[PDB]
Amino acid sequence: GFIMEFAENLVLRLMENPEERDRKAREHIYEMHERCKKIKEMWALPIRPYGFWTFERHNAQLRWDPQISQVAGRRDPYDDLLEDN
Amino acid sequence: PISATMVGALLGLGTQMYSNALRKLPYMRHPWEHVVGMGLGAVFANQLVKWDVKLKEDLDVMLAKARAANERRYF
Ligand SMILES: CCCCCCCCCCC(CCCCCCCCCC)(CO[C@H]1O[C@@H](CO)[C@H](O[C@@H]2O[C@@H](CO)[C@H](O)[C@@H](O)[C@@H]2O)[C@@H](O)[C@@H]1O)CO[C@H]1O[C@@H](CO)[C@H](O[C@@H]2O[C@@H](CO)[C@H](O)[C@@H](O)[C@@H]2O)[C@@H](O)[C@H]1O
Ligand SMILES: CCCCCCCCCCCCCCCCCCCC(=O)O[C@H](COC(=O)CCCCCCCCCCCCCC)COP(=O)(O)OCCN
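Just so you know, the protein sequences line up as chains A and B, in that order. Positions in the first sequence are counted from 1; adding 1 to them yields the UniProt record's numbering. Positions in the second sequence are counted from 1; adding 1 to them yields the UniProt record's numbering.
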């Protein structure tokens with residue numbers, strides 16, 4: 002053929018779907034705003050959590066001392082006296 | 002698209018020639034260590050990507066746990 006009859010549909014192939022572009026734009030806005038709200042919530046967390054000491058890793062002694070309160074140097078004076086019988 | 006190896010190998014070759022130039026040497030003085038640097042860069046980039054994925058998922062778990070713990074004050 003001639004030049005323009007091919008350059009026309011060439012440019013038309015080069016250009017994209019606008020419906021896809023609009024859908025992607027509204028989508029991206031939706032999830033970006035949702036993620037923005039999520040990050041805003043995340044930044045509100047205090048440095049020290051409400052539980053803190055309640056956490057099992059932050060006790061480390063309520064389940065260690067009971068198995069140590071029997072060794073010498075930690076016993077209540079009234080433990081060795083009546084342990085004989 | 003770049004597959005974390007076309008960038009890791011390029012960075013390895015770049016840092017090999019970069020260290021080679023800082024000693025005032027010809028850029029391709031020792032191509033065997035150039036190949037070694039390419040391989041090392043590719044391996045390091047792949048490891049970095051995998052570690053990033055693992056690290057992100059672990060961070061998501063940590064944030065979920067922290068949010069659940071913080072929510073308990075209201076309820
Ligand atoms: C220092 C200068 C950096 C200049 C480069 C900038 C150019 C940007 C491209 C950087 C680049 C490599 C980084 C190279 C760093 C250089 C090395 C530094 C040391 C040199 C010695 C990361 O780029 C992508 O990496 C993705 C990793 O997940 C991340 O996506 C986010 O992740 C989630 C997180 O959990 C987020 O939640 C989520 O929102 C996103 O999905 C993003 O970081 C980004 O999309 C290129 O992508 C590469 O990574 C992956 C992605 O597919 C590919 O391999 C994958 O492996 C499996 C996963 O195990 C997959 O199963 C597999 O399918 C896949 O094959 C590679 O083939 C390649 O594509
Ligand atoms: C970060 C993203 C961007 C960077 C990407 C990096 C890419 C990955 C790295 C690629 C490196 C490629 C290098 C090519 C391989 C060269 C190997 C040559 C090794 C070698 O010849 O052995 C000795 C050289 O010393 C040595 O080479 C060993 C000393 C090397 C020092 C490394 C220190 C690592 C520990 C600290 C890491 C940094 C921590 C920072 C917090 C002998 O040398 P000779 O025979 O020439 O003569 C004696 C001179 N003494």
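It is possible that some hints are incorrect.
What the hints assert, rightly or not - In silico DSS-like links for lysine-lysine, alpha-carbon gap of 25 Å or less:
#  : chain 1 : residue 1 : chain 2 : residue 2
1  : B       : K66       : A       : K38
2  : A       : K38       : A       : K25
3  : B       : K51       : A       : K38
4  : B       : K66       : A       : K41
5  : A       : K25       : A       : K39
6  : B       : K66       : B       : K51
7  : B       : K25       : A       : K39
8  : B       : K57       : A       : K41
9  : B       : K66       : B       : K55
10 : A       : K41       : A       : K25
11 : A       : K39       : B       : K66
12 : B       : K55       : A       : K25
Claimed, not checked - Partner residues aside, some chain B positions facing chain A, computed with beta carbon under 7 Å:
#  : residue
13 : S20
14 : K66
15 : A70
Stated by the list, open to error - If the Cβ cut is set under 8 Å, some of the chain B residues that face chain A in the computed set are:
#  : residue
16 : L64
17 : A67
18 : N71
19 : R73
20 : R74
Just so you know, the hints here were simulated from the structure itself, not pulled from any lab data. Ideal Cβ placement from N, Cα and C applies to all residues, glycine included.
Tested hints:
This hinted pair checks out: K66(B) and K38(A) have alpha carbons roughly 19 Å apart, not beyond 25 Å. At roughly 20 Å between alpha-carbon atoms, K38(A) and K25(A) fall within 25 Å of each other, so this suggested pair holds. Restraint check for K51(B) and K38(A): not satisfied, since their Cα atoms lie roughly 29 Å apart, outside the 25 Å limit. As the CA atoms of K66(B) and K41(A) are separated by approximately 17 Å, the hinted pair is consistent with the 25 Å bound.
With a CA separation close to 21 Å, the supplied pair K25(A) and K39(A) stays within the 25 Å bound. For the hint linking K66(B) to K51(B), the alpha-carbon distance of about 23 Å falls within 25 Å, and the restraint holds. The hinted pair formed by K25(B) and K39(A) fails the criterion: a straight-line CA distance of about 53 Å is larger than 25 Å. Of the pairs offered as hints, the one joining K57(B) and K41(A) holds, with about 19 Å between alpha carbons and a cut-off of 25 Å not exceeded.
Using a Cα cut-off of 25 Å, the hinted pair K66(B) and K55(B) holds, with the two alpha carbons roughly 17 Å apart. For the suggested pair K41(A) and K25(A), the alpha carbons sit about 24 Å apart, so the restraint of at most 25 Å is met. Of the pairs offered as hints, the one joining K39(A) and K66(B) holds, with about 15 Å between alpha carbons and a cut-off of 25 Å not exceeded. Pair hint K55(B) plus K25(A) does not hold up; C-alpha atoms about 29 Å apart against a cutoff of 25 Å.
Annotation: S20(B) was flagged as interfacial toward chain A, and the flag is violated, the nearest CB pair being 41 Å apart, outside 7 Å. A least Cβ separation of about 10 Å between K66(B) and chain A goes past the 7 Å threshold, and the interface hint is therefore violated. The closest approach between the C-beta of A70(B) and any C-beta of chain A is roughly 5 Å, which is under the 7 Å cut-off, so the hint is satisfied. Checking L64(B) against chain A by beta carbon gives a least distance of about 7 Å; that is within 8 Å, so the hint holds.
For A67(B), the shortest C-beta to C-beta distance to chain A is roughly 6 Å, which falls under 8 Å, so the interface hint holds. Evaluation of the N71(B) hint against chain A yields a held restraint, the C-beta minimum of about 6 Å falling below 8 Å. A least Cβ separation of about 6 Å between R73(B) and chain A falls short of the 8 Å threshold, and the interface hint therefore holds. Interface restraint check for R74(B): the shortest CB-CB distance to chain A comes to about 4 Å, inside 8 Å, so the restraint holds.
Checked against the numbered hints above, the structure breaks hints 3, 7, 12, 13, 14 and satisfies the rest.
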